Amino acid sequence: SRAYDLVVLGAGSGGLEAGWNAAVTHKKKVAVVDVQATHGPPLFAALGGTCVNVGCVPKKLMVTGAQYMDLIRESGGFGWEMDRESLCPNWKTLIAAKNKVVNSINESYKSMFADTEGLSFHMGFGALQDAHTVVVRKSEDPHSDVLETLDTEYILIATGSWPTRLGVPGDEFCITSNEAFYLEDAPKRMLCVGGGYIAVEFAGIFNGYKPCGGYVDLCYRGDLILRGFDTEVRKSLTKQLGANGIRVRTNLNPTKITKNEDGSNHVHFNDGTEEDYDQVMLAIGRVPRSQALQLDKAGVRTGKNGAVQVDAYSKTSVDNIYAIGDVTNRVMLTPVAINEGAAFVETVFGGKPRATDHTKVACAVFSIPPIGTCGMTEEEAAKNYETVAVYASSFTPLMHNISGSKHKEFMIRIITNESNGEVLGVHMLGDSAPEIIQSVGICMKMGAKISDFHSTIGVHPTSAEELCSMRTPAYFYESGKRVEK
Amino acid sequence: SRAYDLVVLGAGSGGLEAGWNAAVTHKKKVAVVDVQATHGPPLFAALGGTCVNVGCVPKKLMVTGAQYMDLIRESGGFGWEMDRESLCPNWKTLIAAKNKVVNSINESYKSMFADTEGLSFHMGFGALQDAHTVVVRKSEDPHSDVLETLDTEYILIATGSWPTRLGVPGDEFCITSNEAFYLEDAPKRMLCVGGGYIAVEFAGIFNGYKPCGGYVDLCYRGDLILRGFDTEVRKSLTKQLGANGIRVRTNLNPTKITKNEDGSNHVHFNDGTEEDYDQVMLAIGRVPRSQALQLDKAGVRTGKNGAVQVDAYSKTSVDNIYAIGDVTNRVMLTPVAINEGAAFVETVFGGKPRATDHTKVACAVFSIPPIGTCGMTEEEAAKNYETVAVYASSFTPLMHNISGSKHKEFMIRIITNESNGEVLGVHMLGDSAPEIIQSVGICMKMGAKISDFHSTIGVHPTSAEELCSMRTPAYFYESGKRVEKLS
Ligand SMILES: Cc1cc2nc3c(=O)[nH]c(=O)nc-3n(C[C@H](O)[C@H](O)[C@H](O)COP(=O)(O)OP(=O)(O)OC[C@H]3O[C@@H](n4cnc5c(N)ncnc54)[C@H](O)[C@@H]3O)c2cc1C
Ligand SMILES: Cc1cc2nc3c(=O)[nH]c(=O)nc-3n(C[C@H](O)[C@H](O)[C@H](O)COP(=O)(O)OP(=O)(O)OC[C@H]3O[C@@H](n4cnc5c(N)ncnc54)[C@H](O)[C@@H]3O)c2cc1C
Ligand SMILES: NC(=O)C1=CN([C@@H]2O[C@@H](COP(=O)(O)OP(=O)(O)OC[C@@H]3O[C@@H](n4cnc5c(N)ncnc54)[C@@H](OP(=O)(O)O)[C@H]3O)[C@@H](O)[C@H]2O)C=CC1
Ligand SMILES: NC(=O)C1=CN([C@@H]2O[C@@H](COP(=O)(O)OP(=O)(O)OC[C@@H]3O[C@@H](n4cnc5c(N)ncnc54)[C@@H](OP(=O)(O)O)[C@H]3O)[C@@H](O)[C@H]2O)C=CC1
Ligand SMILES: [Sb+3]
Ligand SMILES: [Sb+3]
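Chains A and B, in that order, are what the protein sequence lines are. In this text, residue positions in the first sequence follow UniProt numbering: the first is 2, and each later residue adds one. In this text, residue positions in the second sequence follow UniProt numbering: the first is 2, and each later residue adds one.
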């Protein structure tokens, strides 16, 4: 009948998972459309998606790089003597080394397509024509030249999401997480606008790679950063970012930005103040990237903010068209899209359908120090459950008596349903948190109870062993009310 | 009736757990006997036991200190430029800082006894007289002066374990893990004898703190270090210790040691060779410390190598006498003794008895890189189960492409029962392994299956997320035989 079984728009974490699966485990003809093969400023995203190119992968590298500032400082207490005063890192060699790693992954994906039969990569901007026709153009402009016309059985949208700007005058003088990865020099005076994942993680990066006398400011619209996270973790992180040199600034928002005649930018604020930053990054949000795909033409229902509306199996308003990952706007994470993709393949090409379990998904924030959480916060579980129990524990790892970094407190907070003991949320702040929370997320998926935690013999000495020592709740919530007992 | 409800011999991980619980949660009169209050070379162990004084706590500190060698080297790739050539660490300031931390904990235990009513610390060497009399002497010599005579209801032995020597001529020229913590200088030429936890961890320490042109040798009796661990992990660790600068030396054993007239030691080996090391540490083993407690007098049954024989609740041959921790010689770990102690209290003073679950206990080895394991190895599970499935995965974390340390491979190996899918063992090598294996150990205690692992959505990017990506077994064991597929 048709040329291909599946055209996947976007060669991202979702795209590549679905594409590869359909083609290899099920031997289907799969065409995968994306913008370019290698990471690069003009268009940013490439083969591998945001995760590989302008997202998690390079992010994590630069976070690791920044973390050495703390680690070099700390080594002194342990006997490691070296010339420490006036010492700042080389940004250029970091971005160099970063590019090398990303590019090598880009390459690994090029040869994957060459070696896999059924799979083929088609470079350009895919757009819908009808239920069975994806049209690859050279531009986002639907008047640019048509490169290919792909006749297909199934269409999968996996084009992800894109940085949100803010309508203020001078908006286009600012950078986003995209351009951040390709800055020529590390900024002396940095402003990070917003209080989310990116905002926080990148503050940590710039703060690590700032040159002499440099400083990073982080301004947030509301009054406590990282809304959605455990409030006791958010407060403790705000302190530790401060202690590490990041000047957190709540209830503040830029209003106008102009360019000084030396390159730098002048920022007008909410409280009417004015300061000069070398660069200003907008970590405002990520709107689904579907404005271009002409979903109207093929009749694909797009709900709130362009997000493609799907059911539990990713099926859209049309039976043969599907969408996965950030473009659906459920839980915007790489492993989620991968799981959504793998499920999609099992659904239509596997015979045995399956829906991605969106609840109790463990994730992490790669700040310094990092956050590792899974499940429900206090606020939510209290406004959803009869009687809840809140366990808490804070401690300084013994090494930090020597290391000098006495601000580095490790925090665990377990949130349970008091009626049966079931663990509804675990929230951790400190080094190793992302690693620990992973195996935690297995227990939560296994419907584990607080009794399962504190009956397991500990592994001494670790930060993680403290999960099994929390016996008595710090306090309770009795139908919405913060009750002491 | 009696002066005290409980006399606990040894203020260790087991002792202080039981002591505190009986005294605070149950308000009993508890006397706790130990050798000294603060850590110190003449006698080594003190308030807090081996764990606090000459064991885990200072160990972990020095491992953290050593790990900076790798971390400073690695930072270069990321842009961190500094004078690296000819750079070695200061050992003296480490031991200084180490002493400060340990002493601080010694002190917090002193004031604990002063603030807790029911609890009292009694300094000296406790020994049994009968079912109800513990006699504190000033020496291990049962002819030294009697300091106190404690009349009690229950006696709890928690005196732990002690380094084993080896009968070779010149044996007493070598140090152990005890004296290691109090060396004046870091040795240039180090020999670590043995292939166990301590042997490996300490090799990593000295290798971190070695001065210029220094080197650490690790000789082991058999042919693969860390016997008892996942054999694929053991082999990978041996390579990585090598790549890190530690010269592993299997099927080798010293036979005679003499002192050169400059301080150093001359070592005669198994293969008849001879070399010169500044220090030689014997990580041979740990025999339970009960040789002195006169158990014979009180009639307490001591089995293999002095270990006090107990049942599942720690009760000895006499009803009122108990033993916990390393002195029983079950699973010699701090959290085990703590759990044994907490159970003991619930058994006799809590009303509701309880036995410590010794199977599926997660532990770790603090080498560079560290090991984190829980449960059964291939070998054992194959010689115990009908049909088994072995999953494996190795990978280099992307950061190590830049960091330069390309030898640092993270390894996960899951061992299941094929019939049911139940996870019988998880074995990990690499940074963060001790931290990850902890929450793993919860799942295995919850009787988790391989299906539970790979259905959990991952946390990207971590080393731990790879636990949920192992779907297809690398191979199988079909009743003892290493089969590549199933029939
Ligand atoms: C800075 C940053 C850090 C992040 N860190 C993490 C993290 O640590 N952990 C985590 O779990 N998640 C992280 N994320 C989110 C993660 O990157 C996404 O959730 C994930 O990439 C979504 O997968 P996807 O397939 O839906 O989209 P993507 O992986 O981004 O793939 C979309 C692809 O579609 C292509 N495309 C766009 N338009 C078209 C079109 N017209 N035609 C054809 N192709 C098109 C794009 O070029 C892109 O490559 C991070 C995101 C950012 C921005
Ligand atoms: C170098 C090293 C590193 C280790 N690292 C770890 C690790 O990382 N994780 C882990 O889980 N375990 C580790 N261990 C083992 C752990 O420390 C022990 O398993 C734990 O301390 C056992 O508790 P215990 O009460 O039985 O013995 P201890 O905690 O050692 O207590 C015994 C106490 O009894 C006292 N005593 C001795 N004789 C008498 C007497 N005659 N009368 C009265 N008191 C006496 C001693 O002074 C001592 O303080 C390590 C051990 C060593 C040697
Ligand atoms: N480690 C990980 O797993 C990572 C995940 N991600 C994913 O992508 C993320 C999207 O990026 P990001 O924007 O950094 O994260 P978020 O969109 O989740 O959070 C950033 C938010 O932007 C601020 N903000 C929103 N609107 C405005 C405005 N008009 N003016 C000023 N400030 C504003 C704050 O919103 P508010 O006032 O409502 O609190 C702040 O909380 C998340 O959705 C996450 O799913 C991204 C990076 C890392
Ligand atoms: N992080 C942790 O959890 C730690 C736990 N520990 C605990 O204490 C440990 C006891 O100390 P340790 O000695 O370091 O570990 P082990 O007694 O478990 O093992 C060390 C062994 O020494 C070697 N050896 C034994 N006998 C001789 C001999 N006669 N001549 C030469 N070599 C010999 C090897 O024995 P073989 O030939 O049988 O393989 C080697 O396996 C463990 O039992 C463990 O329970 C100790 C340190 C850290
Ligand atoms: Sb990612
Ligand atoms: Sb210990």
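Fair warning: there could be bad hints in the mix.
Stated by the list, open to error - Below, simulated PhoX-like cross-link-like pairs (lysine-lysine); rule was C-alpha separation at most 20 Å, straight line: (1) A:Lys450 <-> B:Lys305; (2) A:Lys316 <-> A:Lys298; (3) A:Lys236 <-> A:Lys407; (4) B:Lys407 <-> A:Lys407; (5) A:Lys361 <-> B:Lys93; (6) B:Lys61 <-> A:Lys61; (7) B:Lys450 <-> A:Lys450; (8) A:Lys407 <-> B:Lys101; (9) A:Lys236 <-> A:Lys93; (10) A:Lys101 <-> A:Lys111.
To be verified - Chain B side only, calculated, beta carbon under 7 Å to chain A, not exhaustive: (11) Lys61; (12) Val64; (13) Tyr476.
Unchecked claim - Now the in silico label distances, taken between C-beta atoms and shown as ranges: (14) A:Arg74 <-> B:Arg248: 40 to 46 Å; (15) B:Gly304 <-> A:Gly243: 56 to 62 Å; (16) B:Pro212 <-> A:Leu167: 37 to 43 Å; (17) B:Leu487 <-> A:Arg483: 43 to 49 Å; (18) A:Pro42 <-> B:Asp277: 36 to 42 Å.
Derived from the structure by calculation, the hints contain no laboratory data. Note that beta-carbon positions come from the ideal geometry of N, C-alpha and C, so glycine has one too.
20 Å Cα cutoff - pair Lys236 of chain A, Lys407 of chain A: holds, 17 Å
Pair hint outcome, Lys101 of chain A versus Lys111 of chain A [Cα-Cα no greater than 20 Å]: holds, 15 Å
Status of the hint placing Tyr476 of chain B at chain A (closest C-beta pair under 7 Å): violated, 21 Å
Pairwise hint evaluation, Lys305 of chain B against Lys450 of chain A, where the allowed Cα distance is 20 Å at most: Distance ~40 Å between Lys450 of chain A and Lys305 of chain B Cα, so the pair is violated.
Satisfaction of hint between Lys450 of chain A and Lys450 of chain B, Cα-Cα up to 20 Å: holds, 17 Å
Proposed proximity, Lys298 of chain A with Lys316 of chain A (alpha carbon, max 20 Å): holds, 17 Å
Beta-carbon spacing of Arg74 of chain A to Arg248 of chain B - inside the hinted bounds 40 to 46 Å or not: violated, 32 Å
Interface hint compliance - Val64 of chain B to chain A, C-beta minimum distance less than 7 Å: violated, 9 Å
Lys407 of chain A paired with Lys101 of chain B [C-alpha distance capped at 20 Å]: holds, 15 Å
Whether the CB-CB distance between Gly304 of chain B and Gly243 of chain A falls inside 56 to 62 Å: Given about 58 Å between the Cβ atoms, the range holds.
Given pair status - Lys407 of chain A, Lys407 of chain B, alpha carbons within 20 Å: violated, 32 Å
Whether the CB-CB distance between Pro42 of chain A and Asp277 of chain B falls inside 36 to 42 Å: violated, 60 Å
Hints 1, 4, 5, 6, 9, 12, 13, 14, 16, 17 and 18, counting from the list given before, are not met by this structure.
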